[PDB]
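Quick heads-up: it's one chain on its own, the form deposited without 1,1,1,3,3,3-hexafluoropropanediol (FAC), in structure tokens.
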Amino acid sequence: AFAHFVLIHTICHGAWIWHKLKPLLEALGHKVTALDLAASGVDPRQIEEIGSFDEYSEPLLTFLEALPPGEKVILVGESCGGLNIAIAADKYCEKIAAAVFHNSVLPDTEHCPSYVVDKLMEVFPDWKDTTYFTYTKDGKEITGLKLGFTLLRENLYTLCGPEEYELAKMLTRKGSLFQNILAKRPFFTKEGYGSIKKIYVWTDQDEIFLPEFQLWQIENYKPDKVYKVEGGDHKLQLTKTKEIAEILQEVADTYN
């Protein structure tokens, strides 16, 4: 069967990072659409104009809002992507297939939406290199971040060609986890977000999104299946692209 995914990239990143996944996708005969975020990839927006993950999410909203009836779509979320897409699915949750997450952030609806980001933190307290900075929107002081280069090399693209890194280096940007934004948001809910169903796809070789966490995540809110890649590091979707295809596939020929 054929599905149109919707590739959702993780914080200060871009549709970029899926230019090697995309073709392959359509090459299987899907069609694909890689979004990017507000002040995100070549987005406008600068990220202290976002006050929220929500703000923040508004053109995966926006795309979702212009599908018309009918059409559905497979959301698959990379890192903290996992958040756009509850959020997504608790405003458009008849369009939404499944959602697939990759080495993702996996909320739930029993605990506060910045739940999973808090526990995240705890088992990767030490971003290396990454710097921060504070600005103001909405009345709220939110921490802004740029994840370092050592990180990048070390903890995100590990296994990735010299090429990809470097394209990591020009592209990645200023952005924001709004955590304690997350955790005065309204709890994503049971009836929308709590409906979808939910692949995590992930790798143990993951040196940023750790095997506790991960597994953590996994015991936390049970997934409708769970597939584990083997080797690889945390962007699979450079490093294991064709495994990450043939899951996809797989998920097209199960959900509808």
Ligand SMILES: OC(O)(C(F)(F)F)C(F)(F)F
The other form holds:
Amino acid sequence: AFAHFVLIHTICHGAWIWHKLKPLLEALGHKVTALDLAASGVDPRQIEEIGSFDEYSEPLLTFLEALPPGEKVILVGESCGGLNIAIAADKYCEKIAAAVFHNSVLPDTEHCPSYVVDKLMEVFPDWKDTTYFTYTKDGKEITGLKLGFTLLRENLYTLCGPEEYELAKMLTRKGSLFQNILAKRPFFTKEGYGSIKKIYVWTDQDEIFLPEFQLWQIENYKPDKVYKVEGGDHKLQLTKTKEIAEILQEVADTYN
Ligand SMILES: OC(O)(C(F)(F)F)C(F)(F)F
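The block above covers the form deposited without 1,1,1,3,3,3-hexafluoropropanediol (FAC); next, return the form deposited with 1,1,1,3,3,3-hexafluoropropanediol (FAC) bound.
Below, the chain from earlier opens the complete complex, with every other chain and molecule after it.
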């Protein structure tokens, strides 16, 4: 079967990390949309204009609003992309056949939206040469960040080629986890987000979202399906592109 995959990058990244995976899925017969979220990739906004993870998710929400009645998509989110999935599923659960988490945060419905991110900062507290700044938007002080190049090299793109790591140094932008805004956000609902099928893809070779955090998330909010990819790194759509496309074909053949 063919599905329409909507690929959702992580913060400080853009549609471009999917540049290898999107032609592979299309060569399998699938339709693929690779969005730039607010102030990400070649989106015209800067991060200081964005006051929350919900506003940051506007390109995905606008995309889902434009789907004609009865068209469903499979959302695929990498790293912080799981939070954009949770936001989208609370507005458009009928339009989501399934959600695939790719070395991604897995929000739940029993704790606050920031919960999984609070646990990530405890498991991975040293972001090496990542720099931080603050800005104010709608009376809230938000901590922005720009991922350090050594963190990019060693923890995110560990096993990627120098031409893939070069794209990350050239294209990663200032972003924000909006953690303090997520902490005071209403909880993801059981009827929207809680109702969708969740497929959890990960590698125990991930150098930022370490096995303790990912195994902690699997036990915290049980996925409908778990796939463990052997080897690769945090960017499995670059180091294990073929393997991710095979898993996504299986999800397409399972969830309607
Ligand atoms: O997903 C990241 O890019 C961040 F957005 F959380 F910073 C990470 F991989 F660096 F953690």
